[PDB]
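2 protein chains.
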Amino acid sequence: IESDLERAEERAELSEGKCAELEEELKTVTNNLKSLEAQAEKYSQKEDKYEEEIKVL
Amino acid sequence: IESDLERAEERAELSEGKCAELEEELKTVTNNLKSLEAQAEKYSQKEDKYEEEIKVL
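As given, the protein sequences belong to chains L and K, one line each in that order.
Going by the deposited numbering, the letters in the first sequence line up with residues 172 to 228, in that order.
Going by the deposited numbering, the letters in the second sequence line up with residues 172 to 228, in that order.
The set of hints was computed from the structure by calculation and includes no laboratory data.
The beta-carbon is built from N, C-alpha and C at its ideal position, and this holds for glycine as well.
Errors might be hidden in some of the hints.
Claimed, not checked - Footprint (simulated), chain L over chain K, 3 or more residues, beta carbon under 8 Å:
1. 172 to 178
2. 181 to 193
3. 206 to 215
4. 220 to 227
Kindly generate the complete structure, drawing on both the sequences and the hints.
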């Protein structure tokens, strides 16, 4: 029982480390996604203006 | 020692569950990033095409 308990606690520590790393990755990717969403909105505005000018011409 | 083993097991289980959830979240957000990047590339190409159309018309 003692050996099994030691192994289980080591497993738990490893899982906690993995969870911390995953949190870091998630936050980084979230920031990148927000930046690209803003970029796409700028793209949309540019397209709107170009379409209007095309219609006028 | 048996009670200690039970506590270690439950802590490991909780940590693994959180790890799985974080994995799913990172997968989803990374897929979103990939899709948005493809859209942005297509949008740059479309913008160049629209400017060419403006000039010719």
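Right, here's what the structure says about each hint:
1. 172 to 178: Result for this restraint: holds, n = 4.
2. 181 to 193: holds (count 7)
3. 206 to 215: As far as the region 206 to 215 of chain K goes, the hint holds, because 6 residues have Cβ atoms under 8 Å from chain L.
4. 220 to 227: holds (count 4)
Taken one by one, the earlier hints all hold for this structure without exception.
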